[PDB]
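Encoded as structure tokens, the following chain is the form deposited in one PDB entry, with no partner shown.
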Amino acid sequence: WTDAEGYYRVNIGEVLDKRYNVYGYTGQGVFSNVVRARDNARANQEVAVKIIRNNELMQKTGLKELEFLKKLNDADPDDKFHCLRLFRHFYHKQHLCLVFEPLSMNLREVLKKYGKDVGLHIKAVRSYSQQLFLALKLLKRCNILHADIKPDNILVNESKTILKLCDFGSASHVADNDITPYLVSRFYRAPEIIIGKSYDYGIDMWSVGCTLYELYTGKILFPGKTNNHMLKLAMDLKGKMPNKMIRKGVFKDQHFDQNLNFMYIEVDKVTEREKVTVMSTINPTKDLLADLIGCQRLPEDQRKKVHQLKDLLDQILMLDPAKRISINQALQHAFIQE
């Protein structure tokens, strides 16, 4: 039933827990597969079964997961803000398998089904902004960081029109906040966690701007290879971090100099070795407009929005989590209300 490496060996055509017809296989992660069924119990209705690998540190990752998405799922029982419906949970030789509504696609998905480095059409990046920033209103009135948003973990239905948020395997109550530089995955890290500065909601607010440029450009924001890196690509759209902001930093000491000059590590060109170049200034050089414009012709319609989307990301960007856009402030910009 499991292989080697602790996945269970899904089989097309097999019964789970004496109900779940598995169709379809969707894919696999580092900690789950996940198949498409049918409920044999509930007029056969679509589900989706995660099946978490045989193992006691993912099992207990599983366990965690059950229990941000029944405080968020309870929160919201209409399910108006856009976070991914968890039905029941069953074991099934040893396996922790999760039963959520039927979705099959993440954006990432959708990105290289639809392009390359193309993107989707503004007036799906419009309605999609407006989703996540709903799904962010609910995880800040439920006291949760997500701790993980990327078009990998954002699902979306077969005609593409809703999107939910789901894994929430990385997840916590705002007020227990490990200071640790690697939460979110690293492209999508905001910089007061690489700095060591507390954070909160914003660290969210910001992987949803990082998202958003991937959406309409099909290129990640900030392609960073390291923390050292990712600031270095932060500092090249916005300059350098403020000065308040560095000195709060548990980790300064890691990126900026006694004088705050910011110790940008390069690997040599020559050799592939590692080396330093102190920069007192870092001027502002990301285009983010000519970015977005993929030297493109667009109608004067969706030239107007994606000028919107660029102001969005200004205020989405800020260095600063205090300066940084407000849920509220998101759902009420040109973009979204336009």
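Residue numbers count along the first chain shown, from 1. For the two forms, the rigid core is made up of the largest set of C-alpha atoms that agree within 1.5 Å on superposition. Compared with the form deposited in another entry:
- Put the two forms on the same core and the Cα of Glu56 is off by 2 Å or more between these two forms.
- Superposition of the core reveals a Cα shift of less than 2 Å for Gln329 between these two forms.
- Once you line up the core between these two forms, the Cα of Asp314 stays within less than 2 Å of where it was.
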Given for the second form:
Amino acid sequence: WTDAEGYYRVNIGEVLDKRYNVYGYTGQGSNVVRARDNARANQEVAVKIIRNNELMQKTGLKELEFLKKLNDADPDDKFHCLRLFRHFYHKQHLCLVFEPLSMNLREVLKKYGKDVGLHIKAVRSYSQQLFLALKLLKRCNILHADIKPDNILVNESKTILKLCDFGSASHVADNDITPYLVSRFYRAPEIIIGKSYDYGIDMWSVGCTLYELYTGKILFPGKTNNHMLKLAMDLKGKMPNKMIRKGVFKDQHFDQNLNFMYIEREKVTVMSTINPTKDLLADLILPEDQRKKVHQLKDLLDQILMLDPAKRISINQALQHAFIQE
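After the form deposited in one PDB entry, can we look at the form deposited in another entry?
A single chain, with no partners or molecules, comes next.
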């Protein structure tokens, strides 16, 4: 029944936990299936079937405890985090029963068109809901470590979003010194440099997502960790000297004179100063009411995209920003 890799071979029409009748797909190789709960008047549910093996089962149980913690902390469901209904085992696989949702934000952008992006009013509502998710994430001692359009789901009417996929989530007391934490394009500079990180990494990831939600394009589509720093410095300039010294992977990107080494058949180029060339306003941009809102988003992105997490806009200040309050 289980694959060599550890995946479960799902069947359309199969009944899970003697109640969940699987009727459709959402995404296969953990496999997420759409089911109807026969015990609860055929109500729609999403069942996440976690991969077997050894390492995947550990992350599944880790996902279970984090979702339970966030759900108990938010009884009224006003902090936009995915709702776990219950859990069961099926043919050695841990199965998580979730609230049913329509599509992820990556899927909605594809339906919006090639580099079209969402309407400024939708981006405004989505940002507030994402900032509310960060508030609950910070209230609990949880780091999502994978905020991106693929991991944010929306309801049928596309009015309510939910932060999903807590498979790569971690506790704040846990400080794993890894430069590969968070999907590369949404990876904060403090992860890459090897600096002590906190809730700011999730804030950075939200900023990358908010630019992508309006433009339909990835903010920093870097090939490697070094290219990610170059693209981040192409907007805000060179990283502050006090931040570079605090890191662990200092030597891998910066020399003894604190100058950045850009990689382009190896090709290494020494850079003393990086001038801010990337124009957010030009890349983001019709009516005066909408134009004023794009300018407010631009100022909010400037405050989120600060290289030093200590200079980064807080969750409360992001919620109170002119772009949200109108």
